[PDB]
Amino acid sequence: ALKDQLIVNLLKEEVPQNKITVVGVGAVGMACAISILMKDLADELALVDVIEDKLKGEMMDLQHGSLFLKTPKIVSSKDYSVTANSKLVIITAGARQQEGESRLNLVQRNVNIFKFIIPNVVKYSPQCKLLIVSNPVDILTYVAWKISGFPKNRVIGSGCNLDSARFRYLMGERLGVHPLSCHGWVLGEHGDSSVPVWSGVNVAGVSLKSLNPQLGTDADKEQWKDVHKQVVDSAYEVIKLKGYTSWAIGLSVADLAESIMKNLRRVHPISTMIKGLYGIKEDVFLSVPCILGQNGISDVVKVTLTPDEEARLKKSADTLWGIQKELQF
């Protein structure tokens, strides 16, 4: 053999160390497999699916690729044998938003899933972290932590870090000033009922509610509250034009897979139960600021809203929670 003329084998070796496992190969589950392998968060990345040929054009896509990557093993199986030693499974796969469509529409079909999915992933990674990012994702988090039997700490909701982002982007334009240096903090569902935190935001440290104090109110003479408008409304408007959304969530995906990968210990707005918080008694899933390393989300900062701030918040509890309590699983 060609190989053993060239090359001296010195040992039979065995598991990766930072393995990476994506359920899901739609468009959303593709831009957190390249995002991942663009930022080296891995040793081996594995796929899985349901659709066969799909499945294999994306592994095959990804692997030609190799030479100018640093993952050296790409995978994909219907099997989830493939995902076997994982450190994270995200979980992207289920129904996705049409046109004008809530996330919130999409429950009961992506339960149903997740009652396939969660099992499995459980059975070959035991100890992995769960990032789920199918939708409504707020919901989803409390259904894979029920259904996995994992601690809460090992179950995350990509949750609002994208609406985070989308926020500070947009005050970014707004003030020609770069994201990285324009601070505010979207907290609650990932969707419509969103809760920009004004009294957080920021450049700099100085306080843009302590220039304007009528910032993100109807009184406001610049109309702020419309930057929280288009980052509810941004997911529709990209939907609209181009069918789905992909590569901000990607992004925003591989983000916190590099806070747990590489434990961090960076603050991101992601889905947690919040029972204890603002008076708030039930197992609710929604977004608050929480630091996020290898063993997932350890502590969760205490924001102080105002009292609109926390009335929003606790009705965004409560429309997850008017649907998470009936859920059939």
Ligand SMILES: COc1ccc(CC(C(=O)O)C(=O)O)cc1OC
The other form holds:
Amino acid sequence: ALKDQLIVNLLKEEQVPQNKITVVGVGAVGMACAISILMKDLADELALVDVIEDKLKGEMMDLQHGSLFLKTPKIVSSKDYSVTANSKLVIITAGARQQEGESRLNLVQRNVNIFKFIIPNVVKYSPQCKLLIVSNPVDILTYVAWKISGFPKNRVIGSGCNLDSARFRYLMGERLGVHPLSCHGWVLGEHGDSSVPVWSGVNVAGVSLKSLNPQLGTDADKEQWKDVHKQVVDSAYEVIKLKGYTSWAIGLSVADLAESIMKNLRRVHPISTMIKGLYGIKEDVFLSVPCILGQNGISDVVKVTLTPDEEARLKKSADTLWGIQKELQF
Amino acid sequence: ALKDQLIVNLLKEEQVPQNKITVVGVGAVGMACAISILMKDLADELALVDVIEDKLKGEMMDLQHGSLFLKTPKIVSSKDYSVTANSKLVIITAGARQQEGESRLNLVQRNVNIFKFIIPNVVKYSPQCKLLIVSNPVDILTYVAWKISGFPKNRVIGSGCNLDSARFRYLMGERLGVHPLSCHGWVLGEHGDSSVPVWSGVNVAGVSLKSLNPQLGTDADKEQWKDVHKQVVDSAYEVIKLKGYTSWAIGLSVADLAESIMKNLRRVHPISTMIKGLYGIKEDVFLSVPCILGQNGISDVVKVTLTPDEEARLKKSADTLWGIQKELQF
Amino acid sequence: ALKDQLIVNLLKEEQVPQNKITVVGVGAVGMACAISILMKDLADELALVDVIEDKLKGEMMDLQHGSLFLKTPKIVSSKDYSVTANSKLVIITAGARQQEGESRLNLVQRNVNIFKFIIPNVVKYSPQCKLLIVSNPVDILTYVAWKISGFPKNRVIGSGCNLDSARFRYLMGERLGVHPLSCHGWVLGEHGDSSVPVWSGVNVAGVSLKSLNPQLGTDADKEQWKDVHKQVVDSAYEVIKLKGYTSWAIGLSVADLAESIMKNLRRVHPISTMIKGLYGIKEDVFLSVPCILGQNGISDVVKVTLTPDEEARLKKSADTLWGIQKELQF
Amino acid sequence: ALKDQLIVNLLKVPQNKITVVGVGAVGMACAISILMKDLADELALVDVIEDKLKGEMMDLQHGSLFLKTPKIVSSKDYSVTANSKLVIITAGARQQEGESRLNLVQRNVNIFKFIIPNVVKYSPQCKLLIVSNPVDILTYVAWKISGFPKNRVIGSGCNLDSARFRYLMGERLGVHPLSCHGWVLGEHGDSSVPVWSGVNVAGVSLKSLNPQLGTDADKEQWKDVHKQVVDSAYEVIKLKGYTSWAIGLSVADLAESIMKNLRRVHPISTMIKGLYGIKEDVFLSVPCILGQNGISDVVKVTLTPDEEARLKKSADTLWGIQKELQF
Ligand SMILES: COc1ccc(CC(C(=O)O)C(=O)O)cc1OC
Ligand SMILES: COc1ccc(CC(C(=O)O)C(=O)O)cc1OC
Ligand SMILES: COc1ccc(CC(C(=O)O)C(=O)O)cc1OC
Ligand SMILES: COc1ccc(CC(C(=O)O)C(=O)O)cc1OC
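For comparison with the form deposited without this ligand, would you give the structure of this protein in the form solved in complex with this ligand?
Up next: the whole complex, starting with the chain shown before.
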């Protein structure tokens, strides 16, 4: 054959990938995650898994055709979870998503039932992986994925409020004329309607905005910074109303988390984890607090010092999640 | 105001961006171009333009929400082309897109009409820009943009066979077990069924595949390497059939061209340009040849030495194209 | 000619660089700046200037030889400043450096003499440039560069405490087991012995470490965090003692600042600027405060809220610097 | 403790670790290039001068905010190199002004007798990337001392020579080196072989446009481009005392292919017995497919009778030198 005329093989090709990533779900979110991960050079192998055969193969092919411009030498796909074997990171984006006017919390029954199939198949073929849950409601589904998988909780991470916080920082930067990277602010709790803007931590260069404007974030605020958090709460719905779904921002947020995990960076992100034992929470609620994220997932949790109102709001968010979570069967 | 309590302003700045890129059309291809350009840090401003107000705004907001994870500090959009002012590079992806089974040539009058609106407005707000045409049929539409714009030919560029050649190199790499970066081969002429694979230039490490197999690419070829070119030609149709459109590979391909232009790299790409004076072409025909691409667009063309067959294909591939443009309604 | 047989020139047009950076001085610091800038793809042209012709040509050549692995297509050098023409950023690293036991402030009369030649020659050819001063004492020398050039203050920047704060954050990171990216804290004032750690701003995820231990940074601190600031102050001298000079950290710090400028990011950095008007400083003192940095240099200054002790230490640094400024002879 | 007031700990070993042996200019250029390409989750430095080594490590560590490599470590003790995927050897005598690289061989063989077993002890499954000169001989020596299979012992070889050739070609043609193709093979030194037959832009053979290409009869004396390739290190040594930046970038390129399993083709030094007519345990540069298991495959270039004689000449030296070494 021409190959053997051109190339003498010197080594029997027993290839196993060292930095493999799998994306489960090839909808808009799953593919935004995939392109973002490919463009950040995080993986030596990318696997895609979903249940619509043609769509799956099409997306795989489309990515493959860009290989010249990438540094991820193997892209593969299958309905069959065997294709995901040996992953270091598996990103779960499959399941129903909310219609306009529908809460993420309304997806729980559908997505728990889908997780009962997906999670055991993932763990079967990728015993060393971290699980990164993106599907909604992400906080509850991280709990569900954790219980189903048999993984210790450090290895099951919800994309959580990493996106809400990035949205908050974008909006804040726009108001201040400063890059989001230098505008610090944390949105914690549910990735959803009950998220908590932590005004007391909002700062540029370590200067607290609340110390300059004590009314910051209340209705008494002349500049109505509370509308920043409302915009954050509403952003999924506003973008769904305009383009039908959201994809790019969540894709970049997931890639950001994947980078911290794959590169063992130990950066702090607001992501879904067990918060039992903090702020008086007694049940296995998962929600976003600032977490140290590295090669073994979430190794540490930062204990944010919240105002009485912030803490009340965070407890109220835990309560809302528990209200849905305690009724689940799986 | 809180901003003024926090920040003392030194000057009212000259706000003209220095590395602005505009993407016209926020369909799947336009957005894939957008996200790829964002992830390659090519621009200090990205502007989006299209005619569907909500979709446009939705896409802009979604990109904006990822700003924390990017290094492109201003992302803007409008149906009004004034938002595109001072672009170094304007990428046109707007217009009708190819349905399943539909040929690119079938898009030609619809898109020539769309270009009568688009191109003058682009030229109005960025008279010094380079135009990068992606919409199909890309060869004919690059000609149309050139005639309408009044720009010198160096600044009107078609994405042409850049992706086709990328696909060839991927498929070649899959056959040889080599990364496509190290697999070389050129697909030239019309971006479509009449493209030409230049068998003589197909090589790895300067070793010509044709010298190892003199029947390479011909019907007597035992490994039927011509099927690699058939796959190249059929790729977009196969992918459209599977997922409804193509996006990722063309997006990456365009970002690669954007990179050469914006960073003045003077890499050689097979892209659509005015080849009158070459291969016995005496009309104002645009098609892909290897072009040196930098900050003034296409400054130079590589003269590929074609076999008599390869060159006959090209002068035909030409007339296939020039038949149509001779009689265009604009 | 072979070039003419292979390539048809289609365009005579004068290449004028769009993103040029000049590095003045090709000692260890200058070359660390150059390689870092090259590896961050910040420039379409790099110019080097120094006074020793062989060393200059050798360094230029060595960088040139790595061009295949870079995306900066023109690397040039000369002892003549005409080579620097049309730079957007000019980085000044030439001058004497301190010995062990010697203060950076002892370099002032030598480096003012050098600056009286270098500065007028730099500004002559680059009307759009920002001047980024790295040579020591950097704060004083930014004042000198500003006086000699007659540039407005936004355009004359000293690398200042960008490195000192990077070191602070590294050492804080080490203590806390968190990446320095997530460890926030500001060292302001002189890049030297009189620098000021802003304990009140030191935080992770918005949580003030001083709020948790109000003794943080004082002599009553059980954990002696003041030693972290002492390590920052002593870092150049410790490294000089071990390897003879410092290069890598300052090179990365300068490239960080070049990135904000070249990409108009508007990130906040602790860099040397004119602080007359702030903290009741009444003289044209330059020193590090958090500055918003972009394509027009420093457009805005963050007014950090300092404790009375922190403010007194910053005024003390300002006094020290003013005292040396009063020794300057133009 | 402040840390505990701030952080609740829940969990109490690197996956992509690279070691650079030698913190001379070459080693540190490799180190900075590897750091700026985000190739490693841990970088270890090893050398014999303890102060210089600590100073370099610290200087790198202070830039950590600006990097994505979260652990940088150093020691004279090779235990610091444990769990390396890739170990890059840059230590030894360096080429001196006006002297062949072959003048370093005995001294660097001696150094390798100490270095290589220590590397092998702590990372028995690493890929070894030899950079020290003369790189072809020392890659052979590393292979013999380590006992590794030949795929995992790689010499930087002519990777930079070919990068220089493409730079020079590019300057002549007004084209980026990424688009100018051409291979320098054989010994990394004065007897390297420019393969004129493969020199091309966009698949267009330069020889086809100028049949005399690379010969004495060449009107444009393209052989001078190879002469400049051969002379490059000597000229830069003359001017600045050593070379560092281009080699660091070349090494980081090879590290990239290995660490990311790219299977790109590089002209690097490999055990070429059986291939290209050679019968002894000799290493020299040919185009190799490079990935996570080192060199898995070699491209067979159709060489002219000359290119083949030279490569047998360029070759024959090395075995004569290697037969006389003992370890
Ligand atoms: C699995 O589907 C999704 C998961 C998360 C998002 C992100 C989205 C959300 O959480 O609804 C957002 O906040 O933009 C979008 C999805 O589908 C479009
Ligand atoms: C704007 O529409 C398109 C332009 C180019 C491509 C790329 C396509 C082609 O050029 O036919 C391909 O090769 O995938 C696809 C488009 O719509 C999906
Ligand atoms: C131009 O000389 C220098 C400027 C700054 C530094 C940085 C250095 C210092 O300020 O002494 C440091 O803090 O590491 C080092 C230089 O020469 C080695
Ligand atoms: C460790 O010694 C070296 C190894 C390679 C180079 C690179 C050099 C060469 O290979 O001769 C070159 O080509 O620049 C330089 C060295 O010392 C400075």
